[PDB]
Amino acid sequence: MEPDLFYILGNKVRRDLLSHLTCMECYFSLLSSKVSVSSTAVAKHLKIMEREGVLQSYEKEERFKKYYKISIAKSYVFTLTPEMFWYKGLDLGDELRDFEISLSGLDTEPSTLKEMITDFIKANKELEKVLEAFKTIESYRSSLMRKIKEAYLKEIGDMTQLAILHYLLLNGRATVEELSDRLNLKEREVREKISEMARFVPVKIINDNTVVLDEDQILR
Amino acid sequence: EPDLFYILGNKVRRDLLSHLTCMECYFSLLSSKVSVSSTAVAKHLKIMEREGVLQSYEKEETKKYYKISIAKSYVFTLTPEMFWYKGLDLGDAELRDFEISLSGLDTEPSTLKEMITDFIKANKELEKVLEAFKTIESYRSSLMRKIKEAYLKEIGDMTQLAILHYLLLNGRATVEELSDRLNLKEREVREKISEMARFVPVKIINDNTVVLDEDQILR
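So the protein lines, in turn, are chains F and D. Heads up: the first sequence runs through residues 1 to 64, 69 to 98, 100 to 225, numbered per full-length UniProt numbering. Heads up: the second sequence runs through residues 2 to 62, 68 to 225, numbered per full-length UniProt numbering.
Keep in mind that the hints are not guaranteed to be accurate.
Distance condition first, Cα-Cα at most 25 Å in a straight line; then the derived DSS-like pairs of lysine-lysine [to be verified]:
#1 D:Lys78 x F:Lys140
#2 F:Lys154 x F:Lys130
#3 F:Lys134 x D:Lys78
#4 D:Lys159 x F:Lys127
#5 F:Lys134 x D:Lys130
#6 F:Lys92 x D:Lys154
#7 F:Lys159 x D:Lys191
#8 D:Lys134 x F:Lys140
#9 D:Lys47 x F:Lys12
#10 D:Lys119 x F:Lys198
#11 D:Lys130 x F:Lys209
#12 F:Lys140 x D:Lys130
#13 F:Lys12 x D:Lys12
#14 D:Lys152 x D:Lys73
#15 F:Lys78 x F:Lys198
#16 F:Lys130 x D:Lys119
Since the hints were derived computationally from the structure, they do not count as laboratory data.
Construct the entire structure; sequences and hints are all you get.
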């Protein structure tokens, strides 16, 4: 009945692997240069992920490697405070919709237990809408990312420019040093890749070392 | 800094944490169906303290209890095309409506330019979702605090409170599931539900599944 994504994602070598296995075309190795770890410690991890049904292996065979694929498409949500702990997984797949999350005029000062319970359940209903909108946006983004990966490949051809784009689209911010680390390239090459890439994608550098997508130029 | 995946990736740590979220409500930190040494339990608690999820306190007259040191919500995604996560700090909720404009977002873009434009559009709606997520969770957390205090002074029956707490966060529970969580017999659990029924609209469906009567609570 389930893969424990928490346990999988709890080790940082597995995170790194997954963040490389996610842009398969884009990287030479599945590991960042600094995450220095042996095999079969890396192989230990891959096997752990195969066993959990997270990853699937292939032999890429010809006439006269192991590869891996990600077996799941899921979004997760969780909360930890002193008053509550809960989590929920969401199956991605689909339906564009104009959600409204109606938080204004949820009661802020209930007098009685009866009121508070009513108020809690009304909040639960707006929470459902949040989760539904989160499910929708993530199904959309994942579909689109696959298109972006193919469109960058054909339209431009550079694995490693795509790798950078991929990261920024998912995370917004990246230092030259962090990109250098995960790409196992030197800082000098990363910076030139960014300038080569700026010819196709509005990309700029801020504070001398921080790579960000130019969102002003992308919308208008 | 604290690695919640690592914390949450163990079954006892989860069981421990869900008991620690209603600390007055339970007489023990563990469910009945789980047999773990005591000394593993003390190890798990220590791991959570090192990570900065827990803070422990000492009492004299020597007893040790535990408090949760974080108030955070999290989001993550894994598909063949992406893996990312985001921790959200909870606190002073500012209530206000959010509109997530998702049509059209375009299901058929032609150029990389369009696709990139489309992705940043989608990212802007995502930022509204995560903020709304942050808002309802601050709200729900504050309200649980109040509900626990209200239940304490107004009616006083811990275990009745654990059941409500459970039911508010999760849709429903079986008598067996509750029995496991509370370390009680199913009979005692059924007794607590009907006692509670006078203060909280709670229906029992199909002889075993306990749910909050939403039609009665809302209308």
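Now the hints, each set against the structure:
1. For the given pair, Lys78 (chain D) sits about 20 Å from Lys140 (chain F) by alpha-carbon distance, which is consistent with the 25 Å threshold.
2. The hinted pair formed by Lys154 (chain F) and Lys130 (chain F) fails the criterion: a straight-line CA distance of about 37 Å is larger than 25 Å.
3. At roughly 20 Å between alpha-carbon atoms, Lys134 (chain F) and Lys78 (chain D) fall within 25 Å of each other, so this suggested pair holds.
4. The straight-line distance between the Cα atoms of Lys159 (chain D) and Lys127 (chain F) is roughly 24 Å, inside the 25 Å bound, and the hint therefore holds.
5. Restraint check for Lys134 (chain F) and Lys130 (chain D): satisfied, since their Cα atoms lie roughly 17 Å apart, inside the 25 Å limit.
6. Taking the CA atoms of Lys92 (chain F) and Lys154 (chain D), the gap is about 23 Å. The hint holds against a cut of 25 Å.
7. Straight-line distance between C-alpha atoms of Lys159 (chain F) and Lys191 (chain D) comes to about 65 Å, which puts the hinted pair past the 25 Å bound.
8. For the suggested pair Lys134 (chain D) and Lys140 (chain F), the alpha carbons sit about 14 Å apart, so the restraint of at most 25 Å is met.
9. About 21 Å separates the Cα atoms of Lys47 (chain D) and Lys12 (chain F), which keeps this hinted pair within 25 Å; it holds.
10. Restraint check for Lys119 (chain D) and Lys198 (chain F): satisfied, since their Cα atoms lie roughly 18 Å apart, inside the 25 Å limit.
11. For the hint pairing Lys130 (chain D) with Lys209 (chain F), the CA-to-CA distance comes to about 19 Å; that is within 25 Å, so the pair holds.
12. Restraint check for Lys140 (chain F) and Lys130 (chain D): satisfied, since their Cα atoms lie roughly 15 Å apart, inside the 25 Å limit.
13. Taking the CA atoms of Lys12 (chain F) and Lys12 (chain D), the gap is near 20 Å; set against the 25 Å cutoff, the hint holds.
14. For the suggested pair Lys152 (chain D) and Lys73 (chain D), the alpha carbons sit about 18 Å apart, so the restraint of at most 25 Å is met.
15. Between the alpha carbons of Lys78 (chain F) and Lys198 (chain F) the distance comes to roughly 32 Å, so the proposed pair goes past 25 Å and is violated.
16. With a CA separation close to 38 Å, the supplied pair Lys130 (chain F) and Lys119 (chain D) exceeds the 25 Å bound.
This entry does not satisfy hints 2, 7, 15, 16, going by the numbered hints stated previously.
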